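In structure tokens, one chain follows: the form solved without its partner chain.
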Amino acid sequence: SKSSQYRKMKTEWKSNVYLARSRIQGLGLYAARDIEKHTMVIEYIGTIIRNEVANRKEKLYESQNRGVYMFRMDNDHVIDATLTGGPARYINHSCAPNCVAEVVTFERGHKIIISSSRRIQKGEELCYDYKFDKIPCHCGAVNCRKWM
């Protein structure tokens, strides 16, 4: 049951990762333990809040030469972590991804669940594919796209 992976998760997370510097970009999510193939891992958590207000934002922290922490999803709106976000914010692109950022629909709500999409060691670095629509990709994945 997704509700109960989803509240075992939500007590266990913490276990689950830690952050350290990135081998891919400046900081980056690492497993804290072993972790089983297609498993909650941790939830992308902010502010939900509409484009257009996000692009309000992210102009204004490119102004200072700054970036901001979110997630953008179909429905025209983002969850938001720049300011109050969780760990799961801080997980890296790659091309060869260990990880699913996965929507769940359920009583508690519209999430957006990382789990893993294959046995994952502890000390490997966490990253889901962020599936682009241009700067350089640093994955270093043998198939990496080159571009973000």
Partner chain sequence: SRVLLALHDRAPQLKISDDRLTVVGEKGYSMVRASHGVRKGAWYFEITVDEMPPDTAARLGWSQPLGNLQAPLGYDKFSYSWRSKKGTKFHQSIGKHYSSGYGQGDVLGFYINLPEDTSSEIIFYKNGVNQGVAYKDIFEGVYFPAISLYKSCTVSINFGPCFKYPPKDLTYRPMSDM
Second form
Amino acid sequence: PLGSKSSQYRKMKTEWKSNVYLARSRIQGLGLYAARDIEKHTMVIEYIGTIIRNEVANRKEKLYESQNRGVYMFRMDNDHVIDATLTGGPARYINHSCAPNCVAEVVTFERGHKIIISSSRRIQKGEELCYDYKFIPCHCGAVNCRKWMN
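Let's see the other form, the form solved in complex with its partner chain, since the form solved without its partner chain is already up.
A single chain, with no partners or molecules, comes next.
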């Protein structure tokens, strides 16, 4: 059952721009930040990109490597991967942290699966958004950091 996920999703799609902004990360490179106060259990932004097959993702990764283009892929399911390297949405910029304030979840609609980034606690304005990548040295800078993203 979808519960309130449909309403939450549509509502989020109309105002995700008011929730986030792009800025240089204290962790690494660019990151996504809270543009305003965000309450617990709030759908913040959708991870958007091009849906590719597994072997395509394997080819693309080696191609995205050898040009030093980092990881902008999010696994949708066992057969498909969302590639946001060349095209997609700003959610690609959300960094990894050992102390995450967001969570990445799959919502199954009829028209397809959606990767949704939701808050796991109240997030104040100016805070950098971050979740657990669940995959390399880690630099999230949090107290009691796991030192590694693996």
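Each form is matched to the other, and the largest set of C-alpha atoms that superpose within 1.5 Å is called the rigid core. Numbering follows the first chain given and starts at 1.
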Completion exercise
Of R56, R108, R33, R118, Cα shift of 2 Å or more between these two forms on rigid-core superposition seen only for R108
